[PDB]
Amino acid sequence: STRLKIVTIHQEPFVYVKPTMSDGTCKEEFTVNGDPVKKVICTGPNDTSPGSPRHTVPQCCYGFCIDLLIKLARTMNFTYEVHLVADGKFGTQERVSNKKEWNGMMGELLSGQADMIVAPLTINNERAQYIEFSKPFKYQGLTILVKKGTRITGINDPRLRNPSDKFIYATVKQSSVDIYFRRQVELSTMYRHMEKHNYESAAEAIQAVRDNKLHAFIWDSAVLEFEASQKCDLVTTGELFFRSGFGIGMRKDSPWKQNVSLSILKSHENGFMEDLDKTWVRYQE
């Protein structure tokens, strides 16, 4: 038939993105357990600034989601090529006019620029209306990242619920967290605060917390807790205030979808997913 086009996104520790060496291959490296790190070539734009041309370059990709992709491809016997989403976004539906349009990885899957999304892609109502999700390969939720020393209780802290310009918080544009705060009227006061400060990417948000330019970053707990384990000037506070899972994304008529989900279940059940957690997520403190 054809090799599957996989779209993914930069998001440590699920997807690392690094330059190739001079000869165009990826450097040999070894995990915390001594095992070789499986890397794939992934093409992506080098200019990521908004409104600029997106001409692509071969790069190296690896991490929890890349190991999961490799396991899927071996299990179900497909070949694949990987690229990074062109606009850098996870994907929301926005009004154009009366038409609506999906951006990010959702937009690429729906348009056929991608055949499968392999990424820390949150399962939610809005996307399930359009695409097919696997059963979750990772259970997690939302929490709040802050500079160490900053004291806030959680989602109900008055500096979040009765906001002012003195304490700035934000999430990632065109992400599932964006959708979440826009969807719920009870959260509308926080939504309107965040829409002035949302960041193009998680890594940019995290760095803005380190630089005391963002006071709180609301984002996925699997990601924020990993960051807090490596950068000891950053912490999470408040524990999970909403729970959600990551799933593989496919078009509703993919022939692969039943066997993808069964493989995810199998991998939870035989300890493979735990192994991935020990390798990529839970190993420092």
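Numbering follows the first chain given and starts at 1. We call the rigid core whatever largest set of C-alpha positions still superposes within 1.5 Å between the two forms. First, how it differs from the form deposited in another entry.
- When the structures are compared between the two forms, the hinge, where C-alphas stop matching one rigid part best and start matching the other, is found at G141 among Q258, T75, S188, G141.
- Rigid-body rotation of the smaller part against the larger part between the two forms amounts to 25 degrees, from C-alpha fits.
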Given for the second form:
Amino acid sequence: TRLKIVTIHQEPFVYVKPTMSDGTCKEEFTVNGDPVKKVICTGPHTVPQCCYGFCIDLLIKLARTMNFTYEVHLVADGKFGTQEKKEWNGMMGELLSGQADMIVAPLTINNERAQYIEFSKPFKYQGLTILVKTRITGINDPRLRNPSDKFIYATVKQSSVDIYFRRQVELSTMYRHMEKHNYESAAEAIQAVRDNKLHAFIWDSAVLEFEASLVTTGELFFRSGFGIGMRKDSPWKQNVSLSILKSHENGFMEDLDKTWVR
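Alternative state: the form deposited in another entry, after the form deposited in one PDB entry:
We keep it simple here and write out only the one chain, dropping partners and molecules.
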């Protein structure tokens, strides 16, 4: 009666590291003296690996609140889920196909996904920030609003940010400057900011507040939240949201933020 939980490699939400020689996972500890709770997560050859982090801790607490058993596995194709006559890939496809009963991952809540699956109440709220080595007010700063080659800024090409920036007409002149400067991966752009070929990198705030530990600038823009992904026929999902609301109010989500994000 185990829940097939699917997740994805995305720090600081879900760290995955190889097992030791004996098949176990090294016992580490938080900044506070608490021990890090880890779970085995098969995935890509498919070998058992070590999963821990925000969503894992949330999974453990969720697994104990409503009392269920779970088996965690990384998503095969390594995608979050897009509409590619149209069929989902990534964790979206694995949830709808039946390979997973529930998605515990930093999965953005949007309209297209809600027409097939159904999210819980948001367990994490965030948006977008700017990563510079410099002052920037945010998306409304004049140096991005009126682009020049004196201050370069972009994002990952075809990324969730790039796909949305093109989608908006108001950001046409701003996005056209980015399209000529977009990079292949996130690690390339963050290195471009460090090696002084990119002056700003628009990306997810949690990934950039984490990578700074380079400093974030301005207020966040284009807010987006993460929810627990399930099918609309899931009997549990009612209390899945109630537990997310419960953990927000009793301070549990704050402890998760202090342990992983701050």
